[PDB]
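Generate the whole structure from the sequences, applying the supplied hints.
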Amino acid sequence: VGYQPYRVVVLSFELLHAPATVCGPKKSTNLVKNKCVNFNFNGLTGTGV
Amino acid sequence: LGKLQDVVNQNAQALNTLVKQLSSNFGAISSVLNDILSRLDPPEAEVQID
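Line by line, the protein sequences are chains H and I. Read in order, the letters of the first sequence correspond to residues 503 to 551 in the entry's author numbering. Read in order, the letters of the second sequence correspond to residues 945 to 994 in the entry's author numbering.
None of these hints come from the bench; they were simulated from the model. Treat the hints with care, as some may be off.
As the list claims (entries may be wrong) - Computed spacing ranges between beta-carbons, pair by pair:
#, chain 1, residue 1, chain 2, residue 2, range
1, H, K528, I, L945, 54 to 62 Å
2, I, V951, H, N540, 17 to 25 Å
3, I, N969, H, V512, 18 to 26 Å
Claimed, not checked - Away from chain I, derived, C-beta distances all over 12 Å, residues of chain H:
#, residue
4, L518
5, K535
6, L546
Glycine is no exception: its CB is placed at the ideal position from the N, C-alpha and C atoms.
Encoded structure:
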């Protein structure tokens, strides 16, 4: 149990001035319409109905 | 009519260019002010916002 070939992998993370290119998906929230609500749909953080 | 059309066309073009002016960097690294704030800390990004 001390000399068998073990498969060792390393999963490091990158932290720089970039958006979340690869990460766990956020839980889908509730949808609201006709209310002044902020959203971030992949290209902008815009506030509006 | 030319005298009634130019006074509207010039104003519309000026407003359109006001919209266009925010799409330029003015010598900075980004156009929108939110990107430099999100990617750089405000102490070093004071020159770009200025």
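The hints, checked one at a time:
no. : hint                         : result
1   : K528/H to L945/I: 54 to 62 Å : 56 Å, holds
2   : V951/I to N540/H: 17 to 25 Å : 38 Å, violated
3   : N969/I to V512/H: 18 to 26 Å : 40 Å, violated
4   : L518                         : 9 Å, violated
5   : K535                         : 24 Å, holds
6   : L546                         : 8 Å, violated
Violated hints for the displayed structure, listed by number in ascending order: 2, 3, 4 and 6.
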